[PDB]
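Please take these sequences and the hints and turn them into a complete structure.
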Amino acid sequence: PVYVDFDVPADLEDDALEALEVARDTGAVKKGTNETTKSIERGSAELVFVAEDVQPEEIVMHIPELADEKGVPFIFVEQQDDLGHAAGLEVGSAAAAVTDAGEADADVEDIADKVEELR
Amino acid sequence: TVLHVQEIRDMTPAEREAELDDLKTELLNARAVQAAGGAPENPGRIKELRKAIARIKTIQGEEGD
Amino acid sequence: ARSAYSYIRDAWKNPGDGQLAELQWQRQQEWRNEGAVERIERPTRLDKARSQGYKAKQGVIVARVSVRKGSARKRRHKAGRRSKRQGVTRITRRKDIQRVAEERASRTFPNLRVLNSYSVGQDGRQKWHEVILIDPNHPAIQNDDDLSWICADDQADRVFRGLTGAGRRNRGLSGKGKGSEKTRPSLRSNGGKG
Amino acid sequence: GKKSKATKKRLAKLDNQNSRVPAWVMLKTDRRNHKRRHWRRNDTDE
Amino acid sequence: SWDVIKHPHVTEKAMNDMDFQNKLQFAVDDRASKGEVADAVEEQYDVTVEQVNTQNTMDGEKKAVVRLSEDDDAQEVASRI
RNA sequence: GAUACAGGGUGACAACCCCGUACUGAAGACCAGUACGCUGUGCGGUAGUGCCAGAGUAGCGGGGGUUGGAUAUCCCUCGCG
RNA sequence: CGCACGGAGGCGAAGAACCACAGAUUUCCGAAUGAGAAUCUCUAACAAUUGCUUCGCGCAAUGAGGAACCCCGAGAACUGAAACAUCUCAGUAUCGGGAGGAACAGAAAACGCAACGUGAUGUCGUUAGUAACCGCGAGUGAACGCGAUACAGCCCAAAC
Ligand SMILES: [Cl-]
Ligand SMILES: [Cl-]
Ligand SMILES: [K+]
Ligand SMILES: [Mg+2]
Ligand SMILES: [Mg+2]
Ligand SMILES: [Mg+2]
Ligand SMILES: [Mg+2]
Ligand SMILES: [Mg+2]
Ligand SMILES: [Mg+2]
Ligand SMILES: [Mg+2]
Ligand SMILES: [Mg+2]
Ligand SMILES: [Mg+2]
Ligand code: NA
Ligand code: NA
Ligand code: NA
Ligand code: NA
Ligand code: NA
Ligand code: NA
Ligand code: NA
Ligand code: NA
Ligand code: NA
Ligand code: NA
Ligand SMILES: [Sr+2]
Ligand SMILES: [Sr+2]
Ligand SMILES: [Sr+2]
Ligand SMILES: [Sr+2]
Ligand SMILES: [Sr+2]
Ligand SMILES: [Sr+2]
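Protein chains in written order, with the deposited numbering: chain F, 1 to 119; chain V, 1 to 65; chain M, 1 to 194; chain 2, 1 to 31, 35 to 49; chain S, 1 to 81.
Keep in mind that the hints were calculated from the coordinates and are not lab data.
Be careful, since some hints might not be right.
Straight line, CA to CA, 30 angstroms or less: simulated DSS-like cross-link-like pairs of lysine-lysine [unchecked claim]: (1) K63 (chain S) with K47 (chain V); (2) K13 (chain 2) with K6 (chain S); (3) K38 (chain 2) with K34 (chain S); (4) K13 (chain S) with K57 (chain V); (5) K3 (chain 2) with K62 (chain S); (6) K3 (chain 2) with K34 (chain S); (7) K28 (chain 2) with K13 (chain S); (8) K24 (chain V) with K51 (chain V).
Here is the structure:
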């Protein structure tokens, strides 16, 4: 909630998680904050996801400023387990990432643009 | 003298439970004559009666019930 | 590349600048209202916890603690103690706040043993520390190649005997050579001149 | 003073401790009670 | 397990209740109730108990005064034992 | 007599009256779930690469205490870092 | 058929007594734990605090004892200084917490006989009443090394 500068709508969030659900059934994803951070650093991240219910916040804090100095687009998800089920996990993820989408690139391009319009 | 270890293991869990009473009554009927201070005492039997009731209770635990 | 953990470590190098500054201002408002020892599901400093030995396993507990600030809550002399032995507010104790914190936490959990602890900040009236605790009887730890040492009979009540990492540091056992003649093997064996 | 059940069980035993060493112990050891208590000169518990 | 009836109290006053008032006196276990002493006396002597009066003697034992019914005679019970 | 002359007992000073004592042999515990052996694993080297290596810490200042620790002991405490 | 040589009676060749090992029984109070209580009473009990959890006290943990030893805390005064205050007595006494058959320590951000040297830790001898401290007074007092005892060396955090 401190690392959040903008509220992402439910309509856009549905469109975001649907894109993540097909990203595991085509290409590859990154499940877990440790693997997502290295994605942004290695550049291999197309679109990165971040959960808003992470307690402690420290595990995520860096993602908004890191993704900004690396140009990699980011998006906020309200719940942790919603992002968990979307990555294809039984548990939950604090932050997820999409490394080369695959049959979603026509929507990821727009999601990334709908966030820039929302600042 | 009358009741040995072997003679107790030759019984059934119902013969022991009945021999228990047949001795527990014999004890109370020996303890009553000791309450009046009567002379027809048999000091050895009153001692062996305790030992016997103890043996049957011991074998009872050993044989299941 | 860097670990995501290294971004929490680098943040805690300055717990009063930026994102953590605004965080600790908020958290402490709820912490001041929270008890003495509160069991918390997840630690506040992931890197530090894991570095100390914390795993995301069954029977690995973490608990925050808050101890009063300052020196000693030392009174005055009833019976005849000289001028030198008359200091009330100017004297402190021989166990640092982190050790009291670890002890208060091990008594709140009479079956779990202290692994290690760390600081999670402080305000004007109190100091906070988070203590990692382990269950010696849980089979999840009994067969752990990285934590099964804590299940030994001789490790029972290890905080109270000063066998903690925080303990050995206060006992003056960090240095291996000079100025550690009176501290090693134990203070008591050296007549208490540590 | 009102005594309880246990207090009674105790004062009861203390009275049996006041019995002499039987005539036969003298004849068996071939020749003294040390817990000899009087109701006036001595003091019990409670 | 403890037994209720220990031994009969056979004193001169225990006769003054046996002859005159049809009462049998026993020195029972102190953890026994008037209702437990009652059932116990019946199941050992084939009698019918109407009243039981207890007292905690100065011997630590409990003295039980058991009154029988008219159909049973106290003098006749004390004979066999 | 003696690989047994340590000791005690026994109606008085006993190697040969009695228990024992020497020699020989047996059991348990402890050493020790150790040593030894075995099973699996895999030790090591060359060049390239600023990928990684524990913070209120190292260190500084005020106050206390302690030490043989003298500027050069270890510790607690407040501030700073 | 105890101490303990009575009287009476009993047991023992169905091998008793006695002893070694294993087991049965083992009242109530007692950490004392369903609740209360001067060892008793009252209408189903891991009371209390925790862990795991089928979230049910389901499976577990702590509690208290032990001659001393051990470890972490708290910490006197008499006394000495020919008084006394810093100092001494002394981290002694006593107190609070906790572990085990031993405890603690321990594989160098070491030592610094400065070296082309030693190579985890205790302990014993020595170093030495030395260095050091101190109304520089009374007194306080190591260590590196050396010789010995015994030897043992490893595991994470992160990177990937
Ligand atoms: Cl502990
Ligand atoms: Cl050397
Ligand atoms: K003084
Ligand atoms: Mg020692
Ligand atoms: Mg009398
Ligand atoms: Mg009454
Ligand atoms: Mg009770
Ligand atoms: Mg003087
Ligand atoms: Mg001094
Ligand atoms: Mg002078
Ligand atoms: Mg000194
Ligand atoms: Mg040195
Ligand atoms: Na009697
Ligand atoms: Na504990
Ligand atoms: Na009296
Ligand atoms: Na010191
Ligand atoms: Na300081
Ligand atoms: Na026993
Ligand atoms: Na439960
Ligand atoms: Na003087
Ligand atoms: Na004087
Ligand atoms: Na001086
Ligand atoms: Sr979760
Ligand atoms: Sr009097
Ligand atoms: Sr009487
Ligand atoms: Sr390091
Ligand atoms: Sr304990
Ligand atoms: Sr060695």
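Problem set entry | Unsatisfied constraints (hint numbers, rising) | When the structure is compared with the hints, numbers 3, 4 and 7 turn out to be violated.
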